[PDB]
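Coming up is one lone chain in structure tokens, specifically the form deposited without the named molecule.
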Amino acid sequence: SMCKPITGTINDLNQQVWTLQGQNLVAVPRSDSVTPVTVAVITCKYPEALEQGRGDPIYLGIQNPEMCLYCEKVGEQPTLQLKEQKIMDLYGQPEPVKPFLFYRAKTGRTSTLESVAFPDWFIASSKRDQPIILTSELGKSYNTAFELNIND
């Protein structure tokens, strides 16, 4: 059983890698030779409590600094935020903390990442140097299929 998160990097099919610019995750071409952000993933303990058939629910964060991805709902639409949060705190909670959770659905070499709290909103990248965001639009102007370079 998982006793710590698995770490690695994430990129999209246009080979844009996730990086931390200030306080935002941003996708940039690997060619830029920037330092990718180190991502941290851990599976929720209680998948039976969540929807089945949508992928494995995971907590998703970055390291150095330690922050977790979160779907915030202050306005009309949910938006993707980084919160100062210990991933192992989330893992230690006696019930799933839905706004920090994402369904990872694998298809071949890639995974989509869907908000558990806001169904059919997906983590996405788009153009070079744009923030990683949540979108309800699949297939359009947004990349939602990610290569998760972590040792599952």
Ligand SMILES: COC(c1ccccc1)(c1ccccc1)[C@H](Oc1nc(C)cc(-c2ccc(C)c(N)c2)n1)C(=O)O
Given for the second form:
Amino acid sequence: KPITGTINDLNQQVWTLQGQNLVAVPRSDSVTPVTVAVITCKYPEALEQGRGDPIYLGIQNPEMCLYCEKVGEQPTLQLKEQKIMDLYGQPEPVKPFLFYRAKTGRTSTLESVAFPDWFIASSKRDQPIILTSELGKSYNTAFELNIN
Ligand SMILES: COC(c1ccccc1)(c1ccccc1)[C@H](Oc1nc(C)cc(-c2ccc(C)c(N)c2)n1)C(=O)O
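Complement to the form deposited without the named molecule: the form solved in complex with the named molecule:
Complete assembly follows, chain above in first position.
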């Protein structure tokens, strides 16, 4: 079964679904935060080493998984109608859906396995969760998983 919880960034902005995209908002908004599901992939040895544990990352209600797809010259973060359990239950590592989770204390960064120069990031209030190649400024790449 997967690990579940909410995700916030260092500005205390929680992931929430707004239409067809994930956005990051303060908990003051009183919107239901997405319940994120995370599960470690059974096949780490086949990928890059020393970059953190490769995980599948999805949401419950609606049951969707995050993946990385090249849209022209840009890797983009997308949601696909997919049950995280189906991916974990697949016999091979499904690379577009995988992210290296690199832990530093209470927070972790999420690096695309398909696009290693890009990381999952949030930015300003109510802005979408995207893939970024730009670190340490306007983009927030350190996230906390709150299992409750
Ligand atoms: C809550 O603490 C945990 C934990 C405790 C109890 C139950 C479940 C998890 C833990 C576990 C062992 C030592 C220290 C801490 C947590 O484990 C964990 N495991 C996986 C596979 C992924 C993620 C994860 C994904 C995405 C993001 C963004 C962040 N931040 C973390 N987290 C962790 O390391 O934070």
